[PDB]
Amino acid sequence: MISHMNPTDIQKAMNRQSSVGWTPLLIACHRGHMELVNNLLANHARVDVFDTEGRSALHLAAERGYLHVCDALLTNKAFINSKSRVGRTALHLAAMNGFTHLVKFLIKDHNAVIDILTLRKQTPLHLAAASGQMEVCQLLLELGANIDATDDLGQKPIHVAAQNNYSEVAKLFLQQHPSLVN
Amino acid sequence: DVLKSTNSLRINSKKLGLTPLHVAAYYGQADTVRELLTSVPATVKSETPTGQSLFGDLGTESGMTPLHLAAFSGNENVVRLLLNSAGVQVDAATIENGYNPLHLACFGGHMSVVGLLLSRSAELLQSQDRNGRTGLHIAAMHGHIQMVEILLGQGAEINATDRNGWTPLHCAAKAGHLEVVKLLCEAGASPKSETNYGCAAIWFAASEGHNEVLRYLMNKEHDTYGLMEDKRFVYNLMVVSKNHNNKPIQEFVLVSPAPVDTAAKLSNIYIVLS
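Chains as they are written, first to last, in full-length UniProt numbering: chain R, 640 to 821; chain V, 913 to 1186.
I should point out that these hints are in silico values taken from the structure, not numbers from a laboratory.
Computed list of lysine-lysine pairs in DSS-like fashion (alpha-carbon distance at most 30 Å, straight line):
1. V:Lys-1159 - V:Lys-1104
2. R:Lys-760 - V:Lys-1094
3. R:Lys-651 - V:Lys-916
4. V:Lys-1132 - V:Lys-1094
5. R:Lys-716 - V:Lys-916
6. R:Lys-716 - V:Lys-957
Could you build all of it, start to finish, from the sequences and the hints given here?
Written out as structure tokens, the structure reads:
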């Protein structure tokens, strides 16, 4: 109803940013109103907007874990392997916040790179082990990556698992025993 | 838009060999850049400038894509757009001068663009130019300190030669940026490191002024008996000692492993060169 009575300046409405730096793609993809995201992308809003934290709609929807919102973004030529101020990809946030279907959707459905480093040089297996999500790390090891890839502090993954003392995640990296990292 | 009705929007050769997308990518504003991405094929690697170029230290660059200039003036949002465009070409990025946009970020501070590019590519820390220089050489010889700190932070080989054998500590010593030399010495490069004419760091630190770089490098390890046979080094050490109250010649005597041999033999080299 608002999008009827403007000929082209709809885009001038859709390309503006909030005080945070948000476009309504960032808010709608931040909430997960899926049909609204289908409405905004049919109304051709630019997916390459960025907030003050350097984040795109894949980082917000991947942060809250919505499948068809990210699917709707990637149909609208969104860019996976974009990075934030911390250099976090969408796989980093989905691995941080426990969405295994979104991880399978990115890596399997859209060929996202597994071993993406942050600004702190962190793969999402131990950025996933930072929040300590066991089945997510089961999925990342089921897809396979460089386990003992050191971080900015030279951190093999069980070090980051031990800083936030998640015992079952260390039971995953050690009970499976793929790298002999005791 | 009104000129987009008529013009081809990638023209300029007279007095500047470039495109309007270079100028739009250079001075900032980003949605204008987006519209020019929809109108111009977005990676053109423009031309040689005629008469009088922009860019300061780049008096002439042949084939700069507009990713380079957005990497150059700082333009970080435009960097984020051009890293997500159709023709990105962050890796090859070749110029007749030889540079890559990480180096063009090194010509200024512009550490945000360095974070964007090293976060994006990361096969660019070890990217050498046509003259063999890396980014640590250019960040050294332009004296951007925290740029060198970040460039060691991502991790680069410090003892890395050019095609003539220049370590970046040679370029930092020749440019005489003292704190860059303190950073490279304090966490890295060996001062006993030659060149492809036979040199060291103190030969460049003596060849062009710079008493304090000369006393810092002279406090480090070096081969004096290889230095006193270089008569140009002896002459330039005389020249610097003339200006700086002949403390550095005293320092070159008192550092050497046999100070009496160095004072006596080097005094004879003075009298023979007289």
